[PDB]
Amino acid sequence: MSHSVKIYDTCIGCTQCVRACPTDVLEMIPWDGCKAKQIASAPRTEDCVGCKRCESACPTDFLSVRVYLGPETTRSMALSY
Amino acid sequence: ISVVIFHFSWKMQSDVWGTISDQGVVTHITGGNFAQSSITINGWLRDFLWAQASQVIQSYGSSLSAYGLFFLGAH
Amino acid sequence: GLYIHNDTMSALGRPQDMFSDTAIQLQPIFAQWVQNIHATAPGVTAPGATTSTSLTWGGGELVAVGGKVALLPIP
Amino acid sequence: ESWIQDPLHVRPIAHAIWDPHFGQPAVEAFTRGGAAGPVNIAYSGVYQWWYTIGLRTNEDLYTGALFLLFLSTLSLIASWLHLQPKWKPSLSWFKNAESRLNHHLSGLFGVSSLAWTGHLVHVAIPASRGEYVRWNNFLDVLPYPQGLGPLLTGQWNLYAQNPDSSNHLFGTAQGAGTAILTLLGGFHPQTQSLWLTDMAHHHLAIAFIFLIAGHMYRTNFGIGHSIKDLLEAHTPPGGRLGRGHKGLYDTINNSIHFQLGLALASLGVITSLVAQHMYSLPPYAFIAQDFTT
Amino acid sequence: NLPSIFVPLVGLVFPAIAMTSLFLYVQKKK
Amino acid sequence: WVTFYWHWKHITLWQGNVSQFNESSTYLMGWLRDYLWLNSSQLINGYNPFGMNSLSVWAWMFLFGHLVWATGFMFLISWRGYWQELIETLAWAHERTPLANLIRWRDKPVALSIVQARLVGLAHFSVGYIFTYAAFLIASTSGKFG
Amino acid sequence: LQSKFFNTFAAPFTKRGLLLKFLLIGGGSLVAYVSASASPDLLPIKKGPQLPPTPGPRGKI
Amino acid sequence: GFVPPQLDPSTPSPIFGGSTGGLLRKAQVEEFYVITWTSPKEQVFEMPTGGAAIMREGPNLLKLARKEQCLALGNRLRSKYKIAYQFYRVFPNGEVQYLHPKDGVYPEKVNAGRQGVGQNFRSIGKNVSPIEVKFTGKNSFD
Amino acid sequence: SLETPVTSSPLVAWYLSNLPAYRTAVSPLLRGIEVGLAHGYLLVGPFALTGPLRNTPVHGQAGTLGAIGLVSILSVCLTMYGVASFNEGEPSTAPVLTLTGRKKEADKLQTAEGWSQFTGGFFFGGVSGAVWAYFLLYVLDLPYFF
Ligand code: CLA
Ligand code: SF4
Ligand code: SF4
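Protein chains in written order, with PDB author numbering: chain G, 1 to 81; chain V, 601 to 675; chain P, 451 to 525; chain A, 75 to 367; chain B, 3 to 32; chain C, 589 to 734; chain Y, 83 to 143; chain W, 63 to 204; chain U, 63 to 208.
Hints should not be assumed to be uniformly reliable.
Result set (SDA-like, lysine to any residue): computed pairs, CA atoms no more than 25 Å apart in a straight line [claimed, not checked]:
hint : chain 1 : residue 1 : chain 2 : residue 2
1    : B       : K30       : U       : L111
2    : U       : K166      : C       : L687
3    : Y       : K103      : U       : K165
4    : W       : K88       : B       : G13
5    : Y       : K128      : U       : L111
6    : B       : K31       : U       : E150
7    : B       : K31       : W       : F153
8    : Y       : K103      : U       : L111
9    : B       : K30       : C       : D695
10   : V       : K611      : P       : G493
11   : U       : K165      : C       : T685
12   : Y       : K142      : B       : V28
13   : W       : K200      : A       : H331
14   : G       : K35       : W       : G180
15   : C       : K732      : Y       : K129
16   : Y       : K142      : A       : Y353
17   : U       : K166      : W       : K200
18   : Y       : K103      : C       : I691
19   : V       : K611      : P       : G516
20   : Y       : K142      : C       : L620
21   : V       : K611      : P       : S502
22   : G       : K52       : C       : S701
23   : G       : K37       : W       : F153
24   : W       : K164      : G       : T73
Taking beta-carbon pairs under 7 Å as the criterion, some of the chain V residues facing chain C (in silico) [as the list claims (entries may be wrong)]:
hint : residue
25   : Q636
26   : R646
27   : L649
28   : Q655
29   : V656
30   : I657
Computed footprint of chain V on chain P, listed as stretches where at least three residues anywhere in the stretch have a Cβ under 8 Å from a Cβ of chain V [stated by the list, open to error]:
hint : stretch
31   : 488–500
32   : 513–525
These aren't lab readings, by the way, just hints derived from the structure by calculation.
Cβ coordinates follow ideal geometry from the N, Cα and C atoms, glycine included.
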């Protein structure tokens with residue numbers, strides 16, 4: 001909600017975005033719309049720093065996890081002080 | 601580095617190098633103006649960049665022409 | 451900043467508030483002291499040497515070669 | 075007042091300098107233009123423009139200051155006034171693209187140019203012939219000794235009768251003709267500027283074009299084009315331009331960022347046009363020899 | 003005469019009151 | 589390139605030296621030598637260790653133009669991530685210095701955003717580019733008034 | 083003794099609302115008073131040039 | 063549902079000489095994080111804030127000021143040393159919140175029972191153009 | 063942080079812990095008047111000796127006027143902080159725990175009422191300090207290097 005992270009239906013369940021979140025935002029939930037039978041999910045968008053590496057590892061036509069930068073909070077700005 | 605090699609060039613022409621009279625009086629290349637004109641930023645523009653770029657700028661038509669071109673070419 | 455202040459004062463017609471030898475003064479003494487030591491080193495602290503290790507030490511005399519100054523003490 | 079007495083040897087003065095960091099040799103240096111302390115020389119060329127358009131002393135300028143100051147006060151009222159309820163326009167008022175283009179073309183561009191012609195031939199031109207006309211007396215003086223007749227009859231061929239002679243001194247009556255509207259096109263020989271009587275004619279000519287161009291679009295009286303209709307009708311047969319200009323009415327009339335874009339494009343051009351014409355055809359007296367201006 | 007008063011007022015005072023006025027307004031919290 | 593052209597063509601005309609433009613204006617060193625270098629002789633002497641002139645204010649603004657312009661590069665070239673790591677060390681030093689840990693920022697300090705630096709960097713570049721030329725244009729012409 | 087002498091003689095300057103008003107308003111008056119009544123022999127601008135003016139190039143224009 | 067979290071105790075932290083990368087005033091006001099892991103052998107690792115400290119036998123505990131730092135070490139431990147770890151969040155008042163596995167299972171693999179918060183079931187090209195959301199609280203993606 | 067000699071030592075921890083800003087157990091009015099005394103008497107020098115009137119016989123009375131203002135400006139910069147960083151009824155933000163762990167009182171200085179007292183101490187001390195320099199340096203004025 002600080003930043004908005006959205007995952008579409010193109011996702012093929014490869015678990016490459018989840019493994020690449022450096023602050024544990026995304027996670028994997030069951031589906032039935034792929035051969036792998038699992039689609040990603042973003043239930044902890046607060047801590048989302050905005051580091052687009054989460055979607056530099058989604059290998060689809062355009063993309064299946066997308067990140068929109070909104071307002072910035074004290075943790076979405078990664079302030080240590 | 602650039603200011604160092606600027607500092608060296610002006611200090612030596614103004615205080616060290618230059619011809620010497622047969623009588624013994626010495627006249628340096630720029631007339632010993634470093635000690636007064638180098639303290640103002642505009643001084644480094646008038647008497648160093650503007651006044652010591654004369655030779656490069658009007659170096660067209662003689663053997664120093666290749667420097668006149670490179671001067672522009674490096675800009 | 452000292453260059454900027456110098457330039458501002460000079461622009462306003464206050465050449466008696468600039469930082470220069472003819473105004474508020476900033477003399478490098480530590481370099482002027484060490485220059486002094488190397489000038490008198492041939493006297494005591496290095497009796498073997500006929501003269502100083504250079505000619506830019508704050509004392510001595512120039513060396514003229516073919517109407518062109520080699521070196522002289524650098525103030 | 076002094077600059078007028080000799081425009082080619084008195085630096086126009088912009089304002090005075092009071093900077094308490096100045097040393098003494100600067101105070102001397104910046105004292106010029108026949109002042110008593112430091113000053114700044116004006117390079118915006120206001121001095122020539124106000125000479126041409128008839129101003130002649132300081133006192134004209136003071137009331138010139140007050141009036142504009144009052145106009146500024148009036149505007150600040152309006153910006154506040156139209157925010158309260160019962161004074162703010164609704165949407166349909168702003169989106170009225172037709173009734174606006176009539177007024178702006180006919181009232182804003184149009185009448186103002188007609189009225190500026192009025193000032194040129196009631197104050198300016200009389201100033202350049204030694205006649206000092208002001209709000210005190212501008213009812214006695216006649217712009218043309220047979221004025222307001224020759225226009226009504228139809229023989230407008232008298233207002234261009236006897237123009238300013240070639241040997242004219244800009245501020246006095248020597249060689250001063252009596253023509254008010256002319257077509258000469260050259261330069262004023264002494265001041266190297268466009269003739270006054272041309273510039274009066276030109277603002278009168280284009281005072282008419284806009285007035286007649288102002289009654290194009292339909293507002294409330296059942297005549298005149300509909301800009302929506304004109305866009306639709308221009309659809310080339312053969313399809314090379316697809317559906318043409320259909321629907322561009324709403325897209326422009328609903329997108330502010332579109333309207334602004336067009337305004338800037340047109341304003342961007344004429345400003346370059348202004349720059350290009352002013353330096354070739356100096357429209358103010360004694361401004362082609364002030365090189366810096 | 004008059005410049006010697008109006009130049010400082012717009013150069014020193016009017017800035018100071020301006021900066022101190024905004025600083026409170028910017029840093030408010032409600 | 590437009591205003592350059594207008595000024596030099598007219599500045600030769602006003603002196604009645606129209607041959608100088610018509611020959612030098614075909615090779616670049618002609619523009620650098622005969623327009624920039626030559627016509628700035630009176631401007632840069634606005635103040636020297638001998639005295640000052642009316643032109644001093646334009647000489648000062650001339651350099652002031654060069655200074656803002658050169659500060660512009662700092663925001664265009666050096667991008668944000670470097671400065672952000674620099675602030676964090678600083679915001680640590682301030683939090684441990686005695687007598688100075690008694691004052692606390694209300695709004696945490698962070699480096700300018702990526703777009704802001706571009707906008708800020710361009711603001712300096714434009715301002716320095718206008719003031720520099722505007723000083724040279726007025727001083728050089730008014731110096732000769734011809 | 084220093085406590086009581088200082089404690090009573092700095093009380094007027096303590097209420098932050100009043101201290102802010104008097105500082106600016108009083109100070110702004112003082113800046114006005116010092117410059118409007120400074121000697122001309124310590125401010126070069128406050129005294130005039132009192133020296134002849136140098137003509138510009140091309141006559142006086 | 064078998065998800066009783068770990069309920070952080072107070073254990074002994076690793077040997078370390080201390081560095082300048084530790085907590086700051088943010089800890090005393092907003093929040094700070096701890097990451098408790100258990101080792102079988104006393105070795106040496108590298109701290110996220112630079113420098114190396116030696117983990118000691120069994121239950122460790124270590125506090126870091128962000129969440130990216132707790133995980134950045136969390137990857138290193140799970141990768142290099144094949145070792146378990148959680149982390150928490152600690153508030154100024156004292157309430158501590160369980161964070162990392164959030165179910166007992168790392169988010170990489172799938173648990174039957176977590177939610178689907180934040181999903182659009184349409185391809186990305188089908189978002190609505192910015193004219194369709196104007197003067198509303200909506201966005202194209204929302 | 064780290065415990066180095068500089069950050070902790072008997073000489074250091076006794077120097078800092080006994081100067082007005084840290085004597086957490088005395089009235090903030092006095093802690094303001096000491097601070098203004100040391101600072102005020104301090105900066106009268108450079109204004110008087112290096113200002114633009116140092117040559118003139120008014121160098122004594124032009125430096126003092128300069129220092130007086132600078133104390134006034136800092137008094138404003140003090141009040142702006144106190145009025146924007148504290149609320150009229152909110153308690154103190156100072157740490158209440160010593161190194162040993164004894165929970166002491168929160169400093170009254172870190173409080174809207176306290177800080178407004180502290181600035182009253184600073185301002186009165188600041189002007190008092192800066193006149194005391196002027197009296198000494200131009201009545202009891204023999205030994206000094208001025
Ligand atoms: C294009 C229009 C126009 C303009 C811009 C000017 C400009 C000028 N005239 Mg002028 N004039 C004009 C037409 C114009 N004239 C016409 C048509 C006549 C013939 C009647 C005159 C007769 C005339 C005389 C006799 C004198 C001037 C003078 C002047 C100068 C001083 C202005 C002044 O004192 O204001 C004061 C103006 C008034 C008191 C009358 C105000 C008229 C109405 C209210 C203006 C309406 C503006 C409108 C409300 C704007 C609304 C803004 C809102 C949307 C925010 C100035 C150069 C004076 C001069 O040369 O030097 C002293 C002078 O003495 N004029
Ligand atoms: S931007 Fe970073 S934090 Fe946000 S989801 Fe992507 S990888 Fe995770
Ligand atoms: S990277 Fe893309 S495809 Fe892979 S799991 Fe994540 S969203 Fe799905």
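Going down the list of hints, with the structure as the test:
1. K30/B x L111/U: violated, 42 Å
2. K166/U x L687/C: This hinted pair holds, its Cα atoms lying about 19 Å apart.
3. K103/Y x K165/U: violated, 39 Å
4. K88/W x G13/B: violated, 40 Å
5. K128/Y x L111/U: holds, 23 Å
6. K31/B x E150/U: Answer holds: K31/B to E150/U is near 13 Å, not above 25 Å.
7. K31/B x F153/W: Roughly 23 Å separates the two Cα atoms, so the pair holds.
8. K103/Y x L111/U: Violated, because 32 Å separates the two Cα atoms, which is more than 25 Å.
9. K30/B x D695/C: holds, 11 Å
10. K611/V x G493/P: Not OK: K611/V and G493/P at ~29 Å, beyond 25 Å, violated.
11. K165/U x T685/C: Distance ~23 Å between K165/U and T685/C Cα, so the pair holds.
12. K142/Y x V28/B: Violated: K142/Y and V28/B sit about 52 Å apart, past 25 Å.
13. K200/W x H331/A: Holds. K200/W to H331/A sits at ~21 Å (cutoff 25 Å).
14. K35/G x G180/W: With a Cα-Cα distance of about 22 Å, the restraint between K35/G and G180/W holds, given a limit of 25 Å.
15. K732/C x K129/Y: Between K732/C and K129/Y the Cα gap is close to 31 Å, so the pair fails against 25 Å, i.e. violated.
16. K142/Y x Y353/A: holds, 24 Å
17. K166/U x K200/W: violated, 52 Å
18. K103/Y x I691/C: holds, 24 Å
19. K611/V x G516/P: holds, 22 Å
20. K142/Y x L620/C: violated, 31 Å
21. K611/V x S502/P: With a Cα-Cα distance of about 22 Å, the restraint between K611/V and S502/P holds, given a limit of 25 Å.
22. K52/G x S701/C: holds, 16 Å
23. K37/G x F153/W: Between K37/G and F153/W the Cα gap is close to 39 Å, so the pair fails against 25 Å, i.e. violated.
24. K164/W x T73/G: holds, 23 Å
25. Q636: holds, 5 Å
26. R646: holds, 5 Å
27. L649: violated, 10 Å
28. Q655: violated, 12 Å
29. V656: Not OK, violated: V656/V not within 7 Å of chain C, min 10 Å.
30. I657: OK, holds: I657/V within 7 Å of chain C, min 5 Å.
31. 488–500: violated (count 0)
32. 513–525: Holds: 8 residues of the stretch 513–525 of chain P have a Cβ under 8 Å from chain V.
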